[PDB]
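Asks: Read off the chains here:
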Amino acid sequence: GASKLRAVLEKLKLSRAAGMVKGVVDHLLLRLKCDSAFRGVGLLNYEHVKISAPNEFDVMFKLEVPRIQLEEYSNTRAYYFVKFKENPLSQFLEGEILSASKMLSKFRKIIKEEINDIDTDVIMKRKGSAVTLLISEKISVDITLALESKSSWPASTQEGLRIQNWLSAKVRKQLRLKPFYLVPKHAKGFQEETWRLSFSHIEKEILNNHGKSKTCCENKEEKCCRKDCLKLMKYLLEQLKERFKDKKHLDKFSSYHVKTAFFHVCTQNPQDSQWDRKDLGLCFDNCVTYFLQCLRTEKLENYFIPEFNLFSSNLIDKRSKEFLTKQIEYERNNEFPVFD
Amino acid sequence: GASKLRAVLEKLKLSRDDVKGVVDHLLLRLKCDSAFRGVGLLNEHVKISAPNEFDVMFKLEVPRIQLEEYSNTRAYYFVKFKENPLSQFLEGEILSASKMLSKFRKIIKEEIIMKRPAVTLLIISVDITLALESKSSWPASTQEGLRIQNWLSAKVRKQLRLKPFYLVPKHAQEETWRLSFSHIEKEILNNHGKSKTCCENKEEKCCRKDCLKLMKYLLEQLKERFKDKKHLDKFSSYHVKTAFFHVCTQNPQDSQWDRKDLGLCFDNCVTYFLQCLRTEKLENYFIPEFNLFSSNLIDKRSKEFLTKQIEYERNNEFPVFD
Ligand SMILES: O=C(O)c1ccc2c3c(ccc(C(=O)O)c13)C(=O)NC2=O
Ligand SMILES: O=C(O)c1ccc2c3c(ccc(C(=O)O)c13)C(=O)NC2=O
Ligand SMILES: [Zn+2]
Ligand SMILES: [Zn+2]
Numbered sequence: 161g162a163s164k165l166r167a168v169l170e171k172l173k174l175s176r182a183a184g185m186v187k188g189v190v191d192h193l194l195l196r197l198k199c200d201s202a203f204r205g206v207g208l209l210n215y216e217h218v219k220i221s222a223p224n225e226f227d228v229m230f231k232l233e234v235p236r237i238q239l240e241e242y243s244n245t246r247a248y249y250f251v252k253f258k259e260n261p262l263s264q265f266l267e268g269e270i271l272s273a274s275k276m277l278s279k280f281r282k283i284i285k286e287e288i289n290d291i293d294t295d296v297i298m299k300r301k304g305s307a308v309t310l311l312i313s314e315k316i317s318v319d320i321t322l323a324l325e326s327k328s329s330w331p332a333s334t335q336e337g338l339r340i341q342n343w344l345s346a347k348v349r350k351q352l353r354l355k356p357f358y359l360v361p362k363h364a365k369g370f371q372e373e374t375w376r377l378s379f380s381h382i383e384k385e386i387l388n389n390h391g392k393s394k395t396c397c398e399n400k401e402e403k404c405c406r407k408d409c410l411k412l413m414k415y416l417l418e419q420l421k422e423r424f425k426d427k428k429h430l431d432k433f434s435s436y437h438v439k440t441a442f443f444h445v446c447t448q449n450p451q452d453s454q455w456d457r458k459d460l461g462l463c464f465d466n467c468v469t470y471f472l473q474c475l476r477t478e479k480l481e482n483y484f485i486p487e488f489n490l491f492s493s494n495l496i497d498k499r500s501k502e503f504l505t506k507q508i509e510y511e512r513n514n515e516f517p518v519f520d
Numbered sequence: 161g162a163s164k165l166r167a168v169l170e171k172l173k174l175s176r177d178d186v187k188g189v190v191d192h193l194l195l196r197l198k199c200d201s202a203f204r205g206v207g208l209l210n216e217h218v219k220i221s222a223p224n225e226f227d228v229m230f231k232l233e234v235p236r237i238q239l240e241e242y243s244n245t246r247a248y249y250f251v252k253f254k259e260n261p262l263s264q265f266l267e268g269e270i271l272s273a274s275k276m277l278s279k280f281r282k283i284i285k286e287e288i297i298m299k300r306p307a308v309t310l311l312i316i317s318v319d320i321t322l323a324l325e326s327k328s329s330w331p332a333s334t335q336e337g338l339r340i341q342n343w344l345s346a347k348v349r350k351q352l353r354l355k356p357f358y359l360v361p362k363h364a371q372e373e374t375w376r377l378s379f380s381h382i383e384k385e386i387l388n389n390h391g392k393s394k395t396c397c398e399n400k401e402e403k404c405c406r407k408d409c410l411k412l413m414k415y416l417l418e419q420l421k422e423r424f425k426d427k428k429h430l431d432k433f434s435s436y437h438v439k440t441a442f443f444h445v446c447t448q449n450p451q452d453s454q455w456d457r458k459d460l461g462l463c464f465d466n467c468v469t470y471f472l473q474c475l476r477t478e479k480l481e482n483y484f485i486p487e488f489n490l491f492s493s494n495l496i497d498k499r500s501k502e503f504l505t506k507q508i509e510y511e512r513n514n515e516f517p518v519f520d
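These protein sequences, in sequence, are chains E and V. Mapped onto the UniProt record's numbering, the consecutive letters of the first sequence carry residue numbers 161 to 176, 182 to 210, 215 to 253, 258 to 291, 293 to 301, 304 to 305, 307 to 365, 369 to 520. Mapped onto the UniProt record's numbering, the consecutive letters of the second sequence carry residue numbers 161 to 178, 186 to 210, 216 to 254, 259 to 288, 297 to 300, 306 to 312, 316 to 364, 371 to 520.
Chain E on its own, in the form it takes in the complex:
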């Protein structure tokens, strides 16, 4: 049944915009770099987090905080407090703690006064992880502020990134030498000054260099279907999320959940021969089945923070998971009509 899938992959392919986004983010950086607190700001990598939203872009603004002290908040292995006029963030302390609210409030207010200078009509949507702009009433851009630390990764990541049997232990050591990032994200009436660990840069490298063989998808003999499986998994969720848009059931589910499950499947199937392009229908069925397992199990560990469960009941209602399960199982049983 791969014919209906690659039909979807061809239709999704013809979304082949950025430039009006580039000019806005470039103008935003030029002004943001004039502030002492945001002097070292810069782009991380335009990224299409949603596969079926060509008018939705996503950028990450990085800003290094040299020599910080991360204090874990109440054993939530992903949320941390940030500790440290030698610090240019001196206007944002709430004691010894970097205030995420104040740091975000100024970041938001600078962009507000900066989208008005532009020729091009830009609107900031109303109000964490941070600001969304509306370029010319058609294209929306989500900007996320990310603290950068070039220090070694927190101890909660020690057992994560289990890519040794797939991308090798040597690659795993190399990626862990790269910096990590912290995004302002409240934690569960919420601790409003916490930051969540972020490895979006590592996730990019893993996706765009994804085979056991270094030449995977570089010749016809080693062409795998890893990327297509993730694309279809994202399209499925987006279609269902939009189909049941005003039932609120699928609100808390996002492409990161689907992307996390896909990484775990990559660990369980480390050989390129398990992802042969002629097996797209089977491979996709196994990806859908595994995601369904995480739903029924209420266990989807963060790929980098294994003790952080993305599908715990404290984060996502069991009813919402049961609803996602029923919808996905109906689709898979009936050859995915939501793709049409």
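Derived from the structure by calculation, the hints contain no laboratory data. Here a beta-carbon is modelled for each residue, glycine too, at the ideal position from N, C-alpha and C. Careful: at least some of the hints might be erroneous.
Stated by the list, open to error - Listed next, with one range per pair, are the computed distances between beta-carbon atoms: (1) V:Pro306 x E:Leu208: 25 to 31 Å; (2) E:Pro223 x V:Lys252: 56 to 62 Å; (3) V:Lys252 x E:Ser329: 54 to 60 Å; (4) E:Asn466 x V:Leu174: 55 to 61 Å; (5) V:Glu240 x E:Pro223: 46 to 52 Å; (6) V:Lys327 x E:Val218: 30 to 36 Å; (7) E:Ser329 x V:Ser274: 41 to 47 Å; (8) E:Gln448 x V:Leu352: 30 to 36 Å; (9) E:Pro223 x V:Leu352: 30 to 36 Å.
As the list claims (entries may be wrong) - A few chain V residues that face chain E, going by a derived Cβ cut-off under 8 Å, partial list only: (10) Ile283; (11) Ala346; (12) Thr395; (13) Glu398.
Once you've looked at the hints, dock chain V with the ligands against the given chain E.
Replies: What follows is chain V with the ligands alone, placed relative to chain E:
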């Protein structure tokens, strides 16, 4: 036979089972000079037989450089610039390796047993080499080189080319700098298979590294044997390493390097090296139009001598390995 090569590699590792942070003190006192403030390590032993001799590259970044090729020696270049800490060393618009080495050879003795690769410290021994670092894009002579696309992938080829390249003081004309990629060579060797997990599990154990070790040991032993003769004087472990890289391009798949076939793979490396001698062609792996085996560089009689000696060794189960 094949058991003789495994025995040699076995003795080579006992030879290295049992090193000096002296160099860390050198860069302490060397970084305090104005012209050498951007100094540091780059990463080794060329002589695999005697591990009592080390080799270091002292990297020094040279920001605004424009390279001009010297009479189409696609490896050698004059370094000019486009406040300047090395203003002491200019001989006009070009940068003098003579005065830089002299000042570099002045503080090695000042802040010190030096020996006038620029210097040699006797502790053990370490060959210190001065290298200019350039973060610019590689010269046009490297365009058709690093042919690793069918082996380590085109993607990897693009990542390594973004890394800086280096220039060492090398005679050709006496103020020329030769291209150096000892850092890329290091990565290519310590990350050598088509599979990223090559040599990380018994199922994917290749013999690439051992074929290079035996090739280096074969040349070093023959060079010692005929030391009183001058035939093998200009052959070096870098020639052996370069030939091994081209053999890797020729045999990209890991299945062509199964450690069960050490004898077959090693004979492949010998055969190709032999072919480079008879035809007098051994291109630099990064600079293809630079032939390390040209008749201008090495005597044909010298090549034919090494050819006949290695041919004797291969025909008698390599008694050089006893
Ligand atoms: O789509 C999102 O909101 C989202 C984006 C990125 C990330 C996450 C994470 C957890 C939950 C969500 C979410 O709330 O869905 C999410 C996470 O642990 N690491 C991320 O990098
Ligand atoms: O062993 C050496 O002398 C040596 C070391 C390193 C290099 C070279 C090169 C050419 C010739 C020799 C040599 O003359 O043998 C050599 C070269 O093109 N690139 C090198 O990186
Ligand atoms: Zn692939
Ligand atoms: Zn190997």
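Asks: Are the hints correct? Go through all of them and say.
Replies: Now for the hints, and whether the structure bears them out:
1. V:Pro306 x E:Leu208: 25 to 31 Å: The hinted range 25 to 31 Å is violated for V:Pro306 and E:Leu208, with Cβ atoms some 43 Å apart.
2. E:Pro223 x V:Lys252: 56 to 62 Å: This hint is violated: roughly 49 Å between Cβ atoms.
3. V:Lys252 x E:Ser329: 54 to 60 Å: Since V:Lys252 and E:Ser329 have Cβ atoms about 41 Å apart, the given range 54 to 60 Å is violated.
4. E:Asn466 x V:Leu174: 55 to 61 Å: violated, 49 Å
5. V:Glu240 x E:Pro223: 46 to 52 Å: The hint (46 to 52 Å, Cβ to Cβ) holds, given that V:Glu240 and E:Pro223 are roughly 48 Å apart.
6. V:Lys327 x E:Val218: 30 to 36 Å: Distance hint for V:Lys327, E:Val218 holds at roughly 33 Å.
7. E:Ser329 x V:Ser274: 41 to 47 Å: holds, 44 Å
8. E:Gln448 x V:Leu352: 30 to 36 Å: The hint (30 to 36 Å, Cβ to Cβ) holds, given that E:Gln448 and V:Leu352 are roughly 31 Å apart.
9. E:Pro223 x V:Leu352: 30 to 36 Å: holds, 34 Å
10. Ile283: violated, 32 Å
11. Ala346: Result: holds, 6 Å to nearest chain E Cβ.
12. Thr395: holds, 5 Å
13. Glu398: holds, 6 Å
Hints 1, 2, 3, 4 and 10 from the list above are not met by this structure, while the remaining hints are.
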